[PDB]
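There is one chain below, alone, in structure tokens, taken in the form solved without its partner chain.
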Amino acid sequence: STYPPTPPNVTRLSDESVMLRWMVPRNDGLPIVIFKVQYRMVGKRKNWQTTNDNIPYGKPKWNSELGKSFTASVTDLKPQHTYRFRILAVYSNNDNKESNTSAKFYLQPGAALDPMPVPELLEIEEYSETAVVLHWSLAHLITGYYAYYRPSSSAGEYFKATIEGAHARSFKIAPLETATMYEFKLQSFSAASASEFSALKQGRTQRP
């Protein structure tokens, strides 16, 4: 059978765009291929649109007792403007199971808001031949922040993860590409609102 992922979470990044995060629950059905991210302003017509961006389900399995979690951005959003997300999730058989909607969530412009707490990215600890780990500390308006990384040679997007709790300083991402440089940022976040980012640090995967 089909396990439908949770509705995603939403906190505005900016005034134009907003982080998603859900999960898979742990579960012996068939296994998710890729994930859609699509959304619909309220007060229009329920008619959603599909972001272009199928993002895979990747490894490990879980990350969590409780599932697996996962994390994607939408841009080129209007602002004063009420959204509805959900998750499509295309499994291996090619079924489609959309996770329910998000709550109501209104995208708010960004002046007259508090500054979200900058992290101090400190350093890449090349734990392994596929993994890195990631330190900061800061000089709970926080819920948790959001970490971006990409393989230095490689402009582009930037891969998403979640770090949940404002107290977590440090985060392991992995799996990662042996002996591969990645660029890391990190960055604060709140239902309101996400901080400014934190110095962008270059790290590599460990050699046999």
Given for the second form:
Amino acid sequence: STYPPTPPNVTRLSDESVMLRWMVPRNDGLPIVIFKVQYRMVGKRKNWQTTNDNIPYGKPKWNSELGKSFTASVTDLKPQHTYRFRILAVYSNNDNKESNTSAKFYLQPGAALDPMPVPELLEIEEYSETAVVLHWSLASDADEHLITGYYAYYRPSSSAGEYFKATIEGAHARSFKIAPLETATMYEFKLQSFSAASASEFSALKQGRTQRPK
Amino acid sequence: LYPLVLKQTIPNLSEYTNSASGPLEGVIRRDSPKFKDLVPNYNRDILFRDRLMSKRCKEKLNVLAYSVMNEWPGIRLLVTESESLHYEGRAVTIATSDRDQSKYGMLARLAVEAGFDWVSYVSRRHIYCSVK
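Let's compare: the form solved without its partner chain is above, so bring in the form deposited with its partner chain bound.
All chains and molecules follow, beginning with the one already shown.
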């Protein structure tokens, strides 16, 4: 049998893009290989659009006592329109199962919205052979009440692929372990603060390597 | 080569556009001067739930027929229907002979591989394919 992802939750990233967050609940059904992301406009003549990314399930199997949570962006959206979003899981037998759809989400213009604080990203802690720890700071001014958390973007250095994303909740966080990562591998990392309504400019892009097996 | 998911389309764009199945045309009737061009497919390894199709439709439907059998030895392709291109013979609605809806995403991928110009995973019941 095959257990579906939860409906994605949406935050606005820019005038033309959003971040989606979902889970797969702990279950003994078939493994998921990838997820696909779909969106559709609420309104006229409207069909489901599929984005080009194949989001890999990754490892480990579960990242909590509840399931495994995932973060992914959808970009190139038309501003000032209402959308719905859903996630489709592809299983190890090549079948697929879609989440319930999100709530209607109006893509706001940024004029009424307040600038978010840009994290200042410190050197990447070369933590272990399979993990790295990001550290950052917030400028003195920063209205931390504005922040729900941080979105981290990372990929192998020089890779042309899309960034992987991860979510860390809590305005007060100032560090985050990214794991599991490939061993002896150079990654590039950038970080933004986010709220439901928006997200900061990016930190500097920082490079950091997992450890080399001795 | 991932299978398609529900509502996915390859190539990832509109049906009637260029890079896909190209433009719509004349709706073919019994009286139509076109009607003589719609060919029957008497491939024995394709199940029909109808036999009358366009020329390119047959070409690709035959490769897919033997591709299905190739991917799954002993399985057969099922054509369930032959304002879209159905009245022109240029679109098919398909499934598998064993009715394994879990294969449909895979079947969709096989229709792309088999060289259909535009494949659409329209429902859990069946896959839509078309040619230019």
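Residue numbers count along the first chain shown, from 1. Under this definition, the rigid core comprises the largest set of C-alpha atoms superposing within 1.5 Å between the forms.
With the core held fixed, the Cα of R45 is displaced between these two forms by 2 Å or more.
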